[PDB]
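There are 2 protein chains.
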Amino acid sequence: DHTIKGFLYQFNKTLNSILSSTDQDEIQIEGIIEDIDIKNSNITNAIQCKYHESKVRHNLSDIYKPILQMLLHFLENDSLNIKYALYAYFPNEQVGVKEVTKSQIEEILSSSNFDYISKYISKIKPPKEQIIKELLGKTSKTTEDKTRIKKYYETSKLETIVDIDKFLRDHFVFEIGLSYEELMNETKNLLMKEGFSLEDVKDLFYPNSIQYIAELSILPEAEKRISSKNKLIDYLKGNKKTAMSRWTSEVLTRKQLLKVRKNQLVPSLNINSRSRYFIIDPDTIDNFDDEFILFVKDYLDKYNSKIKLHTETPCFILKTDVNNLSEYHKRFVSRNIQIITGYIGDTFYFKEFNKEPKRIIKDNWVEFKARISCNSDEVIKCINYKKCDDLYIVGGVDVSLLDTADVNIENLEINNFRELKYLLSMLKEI
Amino acid sequence: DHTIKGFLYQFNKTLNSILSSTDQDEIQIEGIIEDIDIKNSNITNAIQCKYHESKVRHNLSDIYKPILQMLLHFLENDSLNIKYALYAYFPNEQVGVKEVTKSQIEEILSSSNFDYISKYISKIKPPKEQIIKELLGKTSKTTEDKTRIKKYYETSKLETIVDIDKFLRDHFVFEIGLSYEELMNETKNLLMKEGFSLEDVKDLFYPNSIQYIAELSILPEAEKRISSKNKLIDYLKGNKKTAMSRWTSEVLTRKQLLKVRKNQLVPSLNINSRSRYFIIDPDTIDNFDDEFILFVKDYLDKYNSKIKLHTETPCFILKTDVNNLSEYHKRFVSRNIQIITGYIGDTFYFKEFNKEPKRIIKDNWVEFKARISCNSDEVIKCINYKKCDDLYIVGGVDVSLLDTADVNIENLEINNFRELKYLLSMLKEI
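Those sequence lines, one after another, are chains A and B. Residue numbers for the first sequence follow our numbering, so the first one is 5 and each next one is one higher. Residue numbers for the second sequence follow our numbering, so the first one is 5 and each next one is one higher.
Quick caveat, the hints were computed from the structure, so don't treat them as lab data. Each hint should be verified, as a subset may be incorrect.
Unchecked claim - Below, simulated BS3-like cross-link-like pairs (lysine-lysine); rule was C-alpha separation at most 27 Å, straight line: (1) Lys9/A - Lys390/B; (2) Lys390/B - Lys306/A; (3) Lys385/A - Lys362/A.
The shape of chain A in the complex, shown without the other chains:
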């Protein structure tokens, strides 16, 4: 997990450098020199990323290898105007530029590690003995040769070819980096500074930029991996514009289809005395439990409100179990809506489900306003016994047991209650 977190920290640092750079700056992700190679008009900036969240206090030995590699690169490329930066984070170190003294650099060159001595210290401090040079030139080194080289470099005083003073003064800088949370928070804040919204960056822009950095990091052919602020900004803007335009086009097409379907459905919904049955699959409508009672309430307010004119009672059939039906009945009772389910406990009753409600016109009273039950065989038999005028089907429920002869079947393709209300003319515009 530590390696992945460090890679994420490095990628966020590269993204921050890209955002903070100007339009004339060429930045190479996973560059030849270091992790970040910011190429300006005349100065090339090399940044090496290190993550040390698990280290309580920063130590000189923790940065031996990056400093040695920077010194070797400077020795091999002294004629080039390259500034080397070491970006390392330590939890207990103040964020800012930390000075590295010449004595500290000399201490690095005195490290006892064989790998550093053989790779970087040997080129920085050439051995004065030809035997040591021949041993260092061997591709494969035995343990005795390693011990001999280590002892020689520990005991012998060797001059430094690399100009430590000039390197530290002009081409080296050490900065204590921010924490990962702080780093990517600052990166997002910079992403807002380009005209993007907070949640927009969090959902689209930041993941896209992270994926772009990760994709360019792994890929080897160094020429193509130089990036710029303008390219990333244009990529993000084009992605956002294309997504918004295609979403708008899809919405327009869906609205046209739904308007056509609504105009098809209107004529039969204006008759005041039609029996309408609804067979609904709860898993095809989003937020069914939270919005089902309100939908039935609106349907009764529009189509079953006038006591004298609305004489037929709607029926809703669900694909659920009996306990869900009991819960829905409880919620309807708590909202002063009178419905019948036909279930007494767990046993269905044919005579309690097909009965016609009583009306007292003077008191504006109807015994029950709707029938709500599940799609059991008994309920299907009851529906077949008393046929309806319209049979609205929502969700593609199996209707193989229904006697559909001479019955108007209307299939509704919806994904939420808003579209259902639109089709049934309960709203004017989505």
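Guided by the hints, dock chain B onto chain A, whose structure is given.
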């Protein structure tokens, strides 16, 4: 770069497995057994991800460690119905299932590497000498002990406890994976089949899914790393919906948005016998004190003026104190508007607040025309005791204490009474 590419390939394989799995499959990212642990009803699938783009041809030694680990895990969990799968990519190997023979497995167990012998071969092939067992049991092993163990395992023929034949026949399968580009294309195509378009996946769905997989991978807790196709689909859909919600607020400036909200609100306001409750924060409306009375007068003139038709009484709840309520009561009484507050001095009264007004249709008399009180706990309890058809919230007042179950909540974002009168269809043009 190779390690990052391998990690990305593993993440893409995990995403592909999540997409290809059913809704009843539980998949653990960075699972206990292997990289991908797919838990079905009866069979657990363990997948190990390896990336070998830099290898020209597949070699048996390239898969020594994963196969040894799989054999050791099968030995530790022989009674469990776990199917082990090895997913490694080789550029010059045909994509598909590659059979591993028993002779190849025996060759793996004969590897001369000391790490494999000490870790997995020792447990798979126990040593018949107690000295070798004691050497293997040591936490720290000297070079001489390593040489002794290596020589003993190279020279001695040891029986295999693990049933190689049964493991290869039932619990093991080796598949040559696709390339990273082919894998990401297949993953995007799988995301396409979930109702998402190509550019939608390219911009939002794929980067968000990759970030989600990476975030779940680094979680130390194994339980928190368990994901499913339904959870990922819901997360992506929620992010996309939030994206539309945040983006669709710039083209329409103020008047188009207010017109849309008004058209949303008209159908419920056109009903003559609805109960409407308003919860208002005065600090969010300009000139509330000087304009509150005229607003209530206009609302009563439009929605509570017909005695025989308008039968329900509005309720205005304010975020103020009792003294301001008394001042407003004085001011209403001065203008001949009959309102009831429920306060006699300082004490609230339940039975006063929730009594229905009496009507004398012959004299066109209604006892009171509105309820205006503060948002104290007692008033909230009175509101909850008699639930309303429509609940309007102005200024974002806290509604945590209200019973919002099966109540139509409509949040109105305004800053003056002209906009409120426009939304409630008391003005035609602001």
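To see whether the hints hold, each was checked on the structure:
| no. | hint | verdict |
| --- | --- | --- |
| 1 | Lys9/A - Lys390/B | 55 Å, violated |
| 2 | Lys390/B - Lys306/A | 23 Å, holds |
| 3 | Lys385/A - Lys362/A | 23 Å, holds |
When each numbered hint is compared with the structure, a violation occurs for hint 1 only.
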